[PDB]
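Only one chain is included here, represented as structure tokens and corresponding to the form deposited without the partner chain.
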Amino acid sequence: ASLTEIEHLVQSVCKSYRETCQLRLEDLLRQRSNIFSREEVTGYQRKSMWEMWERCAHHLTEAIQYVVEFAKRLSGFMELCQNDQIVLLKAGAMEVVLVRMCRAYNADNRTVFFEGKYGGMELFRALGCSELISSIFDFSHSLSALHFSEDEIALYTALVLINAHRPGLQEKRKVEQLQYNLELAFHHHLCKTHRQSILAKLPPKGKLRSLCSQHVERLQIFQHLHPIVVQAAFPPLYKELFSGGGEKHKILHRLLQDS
């Protein structure tokens, strides 16, 4: 590409991200005083393990559905073959969601916007995956220290998704070229905004890989404890992405096929 084309990619990526945000940042900030009461927190903690897992899986599936739409609107993504579209989404959808989560996290009080209000990690105690929860909260806490702009989150999550190193890509070189153009767009934007200092502060990729592995692993523990709940009450797209073998369900291909 060249300078006009790079800036066009910058604006296109930021537009795609705005149109596929579940919640506007302003909406999330305005809600910061709306925190679960101690009695509402006690009620979450008295919910059964399987109901809290189902509710979190539903919450996560809705966020993932927006990431799929982001991908479809991302320059060049729909040009890739369907095998590679699916490889990239299966690998990076949750990674994007974990990054997007910092917008909904309040570092002042260590709360996250969940089911209409802000609550701390104690809200999730019924899940029985305390390590994963605090790992996710610590990750959001670290990202919040970066003070991402919406444009920065747009460009960075595009790169999280368009990763040419994902195992299973049939057209690796084509993904390499798309990745390179998006890197140019991200780094051009950082250069023009004097934000290149954030490059050193971005999490290593192995950290997002690790969080995703923990989630799958805790799911396997839960699935062993309540296999019928997973089969009957977990969202089909969630099972396709995370549960073994859940990927007999193909939701993604329909989400990609339908306009």
The other form holds:
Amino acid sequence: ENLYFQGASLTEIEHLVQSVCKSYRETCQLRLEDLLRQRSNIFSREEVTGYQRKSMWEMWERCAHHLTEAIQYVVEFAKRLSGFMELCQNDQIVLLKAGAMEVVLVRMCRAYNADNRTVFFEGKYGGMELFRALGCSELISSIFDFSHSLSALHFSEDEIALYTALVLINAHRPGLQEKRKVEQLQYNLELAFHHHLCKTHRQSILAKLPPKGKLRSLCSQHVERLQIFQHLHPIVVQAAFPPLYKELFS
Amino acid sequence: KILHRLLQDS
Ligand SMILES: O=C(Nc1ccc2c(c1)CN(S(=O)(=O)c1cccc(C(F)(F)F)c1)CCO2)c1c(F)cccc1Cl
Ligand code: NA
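Can I get the form deposited with the partner chain bound as well, since the one above is the form deposited without the partner chain?
In what comes next, the whole complex appears, and the chain from above leads the way.
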């Protein structure tokens, strides 16, 4: 059904590097150059206070819509990924439901500034205190710490491309019907990522990558915090939360 | 519903 569902040659692995990097380039929601330029554009003490004074439900809704928009670009990235559209729909949905949020969490390090511990949010950079109204300080600080640790790796756009391809194509996701097909596609993407690192003398980052349990913890923490919020404001979830967000998380 | 729609829309 696809060349990457079988053993690929070196030349075919080189093509895969280029294909993933291209799919990533085209599905970037935010340009790296725009993100770095915006670093000096920081929310004022008054803007911070204004976000903090927003009701818990209002803040949750704004964050849910922004997450949804990020997810939309990840679905497009998946569709453009070699072999993804050749998997069955059950498997595509299994991969996106378990991995979309994980991809968004990795992509986030680009919009995060390790210098002053700020993140790009609604046009400006702000510290974690910006999200205080959400009432999930442990999750937010765990998200800022993850972005901080990925920032210290100084990933290129091509490294993010390949590492995110691998975050999504995980043959271990519960519910995959064509597991062996996912295993071969995963093997080839692993080879494409490790090949690119070898060629660019960047293999030293492999031991530095976060353990898989780290992305899972962040994802389980998001699911848990959403359950607490849903109990408090069930009609907010039902009436004002985006349908794609709910399909993925509830 | 949405995920299905996004995957099928080319
Ligand atoms: O916000 C949550 N999940 C989330 C994760 C990644 C994301 C987005 C949302 C969407 N964002 S954003 O709202 O512009 C933004 C920008 C920067 C930092 C954050 C921060 F810290 F909140 F994660 C958010 C783009 C970055 O990708 C979240 C949470 F943490 C707790 C409860 C409920 C929710 Cl919805
Ligand atoms: Na960064």
